[PDB]
Amino acid sequence: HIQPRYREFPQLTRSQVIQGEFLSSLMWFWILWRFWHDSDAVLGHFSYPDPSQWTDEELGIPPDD
Amino acid sequence: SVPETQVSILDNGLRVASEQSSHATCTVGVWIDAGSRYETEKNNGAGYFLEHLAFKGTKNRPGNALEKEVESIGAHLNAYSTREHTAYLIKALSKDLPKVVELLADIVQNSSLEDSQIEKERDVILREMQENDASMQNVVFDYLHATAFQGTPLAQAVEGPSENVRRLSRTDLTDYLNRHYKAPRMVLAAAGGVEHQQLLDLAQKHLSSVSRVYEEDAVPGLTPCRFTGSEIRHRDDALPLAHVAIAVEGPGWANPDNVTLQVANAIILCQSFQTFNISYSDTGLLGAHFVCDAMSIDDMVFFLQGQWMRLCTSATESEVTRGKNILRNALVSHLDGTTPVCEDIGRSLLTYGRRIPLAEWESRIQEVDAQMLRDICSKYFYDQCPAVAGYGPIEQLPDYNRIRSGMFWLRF
Amino acid sequence: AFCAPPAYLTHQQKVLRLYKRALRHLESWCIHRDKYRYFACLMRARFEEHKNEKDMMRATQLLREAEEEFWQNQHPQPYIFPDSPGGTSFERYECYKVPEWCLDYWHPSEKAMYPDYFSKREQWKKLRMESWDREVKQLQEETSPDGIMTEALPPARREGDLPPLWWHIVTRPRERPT
Amino acid sequence: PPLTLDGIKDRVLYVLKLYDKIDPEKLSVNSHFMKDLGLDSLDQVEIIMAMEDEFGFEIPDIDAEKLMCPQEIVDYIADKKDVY
Amino acid sequence: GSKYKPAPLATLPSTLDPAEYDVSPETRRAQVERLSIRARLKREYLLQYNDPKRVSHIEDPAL
Amino acid sequence: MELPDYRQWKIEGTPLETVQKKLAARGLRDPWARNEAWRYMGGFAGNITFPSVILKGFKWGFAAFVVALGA
Amino acid sequence: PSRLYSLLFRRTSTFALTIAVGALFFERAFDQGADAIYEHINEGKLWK
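In order, the protein sequence lines correspond to chains A, B, C, D, E, F and G. Quick note: the first sequence, position 32, residue 32 per our numbering, numbers continuous. Quick note: the second sequence, position 305, residue 305 per our numbering, numbers continuous. Quick note: the third sequence, position 23, residue 23 per our numbering, numbers continuous. Quick note: the fourth sequence, position 46, residue 46 per our numbering, numbers continuous. Quick note: the fifth sequence, position 44, residue 44 per our numbering, numbers continuous. Quick note: the sixth sequence, position 66, residue 66 per our numbering, numbers continuous. Quick note: the seventh sequence, position 16, residue 16 per our numbering, numbers continuous.
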């Protein structure tokens, strides 16, 4: 049970602050841990080919005529 | 070098304006923002019948006492009523300035309506209405107002229907008196040999405590009217001459292009043919009142219409200069006489809220050229539906299609 | 909700009740506080001027153009408090406001418990019947001498008499039954 | 907690003591806002509104055109939230 | 400058109603009277519903 | 329940003061500003920045990450 | 639209210009639309 406060910053219990920082910090540990172990958020890990560098031999573009 | 019109305001709200000049015959006058526009068809002749009775008997001056006083100093007592304003004015000497103001105070408050007097007036008003029909141009302008402002309080007349005149109760009158005679809607205007400080003193002593509070907060309010293009054709072939008025909607008091429209009227066959710019608040009727024998109304209409279009399409600088010179000689001033100057103040404080000096009028006249005149005339005359009122042998007066269509030149 | 509605509204109460809707509809636009408290003392200015207009006509022409300025400059979702109309918690705890004339059909077993409760309840019901006569008579002896009647009801005016038509302003189901 | 009157009483007193126009050393319950504290009617609209925001509910218009003693506010608020 | 435009639905609010702002003495007389009819009817419901010693059904004949 | 001394509240030192000064430039006195002071007065006085909320606990979160990464 | 009256209906000259120009194009549209109909109504029977 807590006490009503008038025009003052409600007093906070030890647990309220620790649990809150706990959940948030694990969120950040998880984001950092996965980013390091699995950074395929960017680039996936397969590079897009430049469709405009395929030698005409590659695609079967006959010699014009 | 014209002396400025100085305006003060009393707690009551009534505005005790004034003006001063070498003259010694001042015209003191109370103007009230109360006319037939503020009546609600159950008291359509209350302002007129109070005007007829106001002079005849006041509580302090019983019976004809007032008219005696006014005789004793040789002063002249006049009153008039329009659709928007009521005026009670006295022309007197300068040295009789206090008592005149006191007399005016009685006339606006402490007035006594003797039920007997009420009756006597009923006769006077009814009979005159019964003979007023004689004045044709009044009949034609009333018909024009009725057909142009159908369904609004601006169609009715200052006189009001005969019925309302017959049926009036000291109490009804009392109401109109106690309702539309409020101090903030009142101007005490003085012109001529008067001092403003002396008039301001006199104002408080005799014109203070003018009512200002309405009953149960039945604070009146007003309706922007509609201009219903329509015609009225009172045919009576026994009359020797025909009177025809054609008008369009006017801009109002506060719209400055009125000045330009006045110049247009100054630019403008059938006997009398006067142009007019009736301008009520928030609306008016620009137009013409031409009398004519039955066989020439037709042509006249065409001529009139022609002139207008010419002013919408082919206005030149020479006729604009002539109209400006003609307007600049309608300026009201001490040379116009006190009563006229008196009246202006009252109307200027009631309508504009201030007295517009003649230098500002001259500036607004000289800024008018031909291009803005034909622009404003095309705004107000070209392709507009007019209101037509005819009285007399008006069979050859064209009907509404010929008039309206004539308002647009197929050649522009 | 307590006092009775006046027949017609004055000029004042119409102006002074805009000062409320207006300022309260300015705190939906100004979500913050310093911005609000600022933009509002500027509002009063608007009402502060044109305070002494004596020209009624004018006054009712500033009011009529104020309430149209306001209607077009109002917030669609203003801040209406809970327990106030429209907003939530308005009729929330009304499911639990039973009307108190229902404890009269309770089984003698139920009312057996809660014993002192009904001992005081029977006192109050004696108060109610003990004055209906002096009340209605009061309501009548003090009746209007004219057809002008407002819903306002009279106070007591004598010792022992219970200010009238009171059984339902007192004995009202409590607001939060919880 | 539930609102005891002697508290609600102090709370309404307090807020006024923070309104600059109302002297902080005179506002005394039973000191009519307008004829004693000499506050404009326009003010009373606000004084009430502050209270509506201190106690979180709306004092209806008709019932609030009369919250002028600085006490009527203290029993009306209490009578509203059923504080005995 | 959009003017609110009452439709059969979304009607003209109380404010923004020209009629309400300006009213003749007669109008006030009406309102001052209509309250009477309501006050009368109100003081015919309020001392018959608040009547001890009553079991019969208040009828609400208007329904 | 005791209540903080009404005097405690003052407009200086809070955003109300800058609103107070511009209102004073117009000549208005901003009367109820003192009531709205405890908002900015103390405890709740510090400005809250958007990165601060999104990054709450990041400091230990990364500290935790490094350690785990080590082991 | 009050732009119309001011741009098309107001001056007889303008009132005309719009008529003539519109008519000039109307024929194109009418003929095209009408032909579409006629043909479809008898789509099968026509040279091609």
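Hints may contain errors.
Derived DSSO-like pairs (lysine-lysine); straight-line CA-CA distance at most 30 Å [claimed, not checked]:
hint : chain 1 : residue 1 : chain 2 : residue 2
1    : B       : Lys42     : B       : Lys99
2    : D       : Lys26     : C       : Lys125
3    : E       : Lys3      : C       : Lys126
4    : C       : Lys120    : D       : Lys21
5    : E       : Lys3      : C       : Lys35
6    : D       : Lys66     : C       : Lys120
7    : B       : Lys56     : B       : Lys95
8    : F       : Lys59     : C       : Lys51
9    : D       : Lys21     : C       : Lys126
10   : E       : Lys53     : B       : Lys379
11   : F       : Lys56     : D       : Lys17
12   : B       : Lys205    : B       : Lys379
13   : D       : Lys26     : F       : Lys10
14   : D       : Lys17     : C       : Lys51
15   : C       : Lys97     : D       : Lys66
None of these hints come from the bench; they were simulated from the model.
Now for the hints, and whether the structure bears them out:
{"no.": "1", "hint": "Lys42(B) - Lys99(B)", "in the structure": "36 Å, violated"}
{"no.": "2", "hint": "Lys26(D) - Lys125(C)", "in the structure": "44 Å, violated"}
{"no.": "3", "hint": "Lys3(E) - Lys126(C)", "in the structure": "60 Å, violated"}
{"no.": "4", "hint": "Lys120(C) - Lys21(D)", "in the structure": "48 Å, violated"}
{"no.": "5", "hint": "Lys3(E) - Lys35(C)", "in the structure": "29 Å, holds"}
{"no.": "6", "hint": "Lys66(D) - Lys120(C)", "in the structure": "34 Å, violated"}
{"no.": "7", "hint": "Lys56(B) - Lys95(B)", "in the structure": "25 Å, holds"}
{"no.": "8", "hint": "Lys59(F) - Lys51(C)", "in the structure": "59 Å, violated"}
{"no.": "9", "hint": "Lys21(D) - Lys126(C)", "in the structure": "50 Å, violated"}
{"no.": "10", "hint": "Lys53(E) - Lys379(B)", "in the structure": "78 Å, violated"}
{"no.": "11", "hint": "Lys56(F) - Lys17(D)", "in the structure": "39 Å, violated"}
{"no.": "12", "hint": "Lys205(B) - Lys379(B)", "in the structure": "49 Å, violated"}
{"no.": "13", "hint": "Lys26(D) - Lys10(F)", "in the structure": "20 Å, holds"}
{"no.": "14", "hint": "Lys17(D) - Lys51(C)", "in the structure": "26 Å, holds"}
{"no.": "15", "hint": "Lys97(C) - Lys66(D)", "in the structure": "28 Å, holds"}
Of the hints listed earlier, those the structure fails to meet are numbers 1, 2, 3, 4, 6, 8, 9, 10, 11, 12, in rising order.
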